[PDB]
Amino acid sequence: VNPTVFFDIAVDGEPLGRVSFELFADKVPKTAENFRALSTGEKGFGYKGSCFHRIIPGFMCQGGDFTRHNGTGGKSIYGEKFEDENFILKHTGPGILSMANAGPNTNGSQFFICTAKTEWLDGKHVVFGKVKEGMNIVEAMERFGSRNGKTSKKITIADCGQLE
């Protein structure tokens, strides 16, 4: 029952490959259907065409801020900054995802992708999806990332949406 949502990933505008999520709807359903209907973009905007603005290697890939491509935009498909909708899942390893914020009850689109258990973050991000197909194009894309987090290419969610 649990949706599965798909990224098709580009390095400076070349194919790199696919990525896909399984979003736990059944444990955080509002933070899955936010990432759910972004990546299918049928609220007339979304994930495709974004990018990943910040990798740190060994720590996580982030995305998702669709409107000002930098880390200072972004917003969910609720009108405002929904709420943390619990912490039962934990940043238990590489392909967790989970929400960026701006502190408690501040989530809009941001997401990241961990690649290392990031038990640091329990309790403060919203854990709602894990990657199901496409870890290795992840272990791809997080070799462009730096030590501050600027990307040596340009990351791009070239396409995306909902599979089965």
Contents of the next structure:
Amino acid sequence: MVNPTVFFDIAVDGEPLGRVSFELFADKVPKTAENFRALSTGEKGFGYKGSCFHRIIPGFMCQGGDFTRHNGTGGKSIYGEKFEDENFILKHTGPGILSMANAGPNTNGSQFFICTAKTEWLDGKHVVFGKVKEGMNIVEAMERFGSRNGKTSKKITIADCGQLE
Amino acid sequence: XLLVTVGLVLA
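Structure of the form deposited with its partner chain bound (previous: the form deposited without its partner chain):
Starting with the chain above, the whole complex follows.
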């Protein structure tokens, strides 16, 4: 076995920006990695394709994954609405870490964030499950559209996504 | 501040 690689094609107000691919650490957090992988292929009949990054704060992170309400309040996992914090083995060590957003202990759904800096205050509270493999320059380009309070100036969407490996 | 939540986003 090998860790799955999934990709997102990002568009800015409908114009293609580029592809970011991610390695998911299924060897360390199998349940959390599987949730993100199945939401990226859309194989359960719902997922990330066509959803947006609703909150981007330059120097911190890009947050997305609300494919139900689309405004930052929704999303659901493939296990039902929410699931537990699988473990906190991995930390938020630098740019490119993929981690889960939540509303406290054991509330993981589908929303996630890509870190653009080390965010150690989130360690032990948000489950790290992947990292950017290629396309960190597209994540950096995305940051230019965010703001200190998180609203974006352009609509940043996942135009397409799926599994490569 | 700098949190990443779903529901009540804080400062």
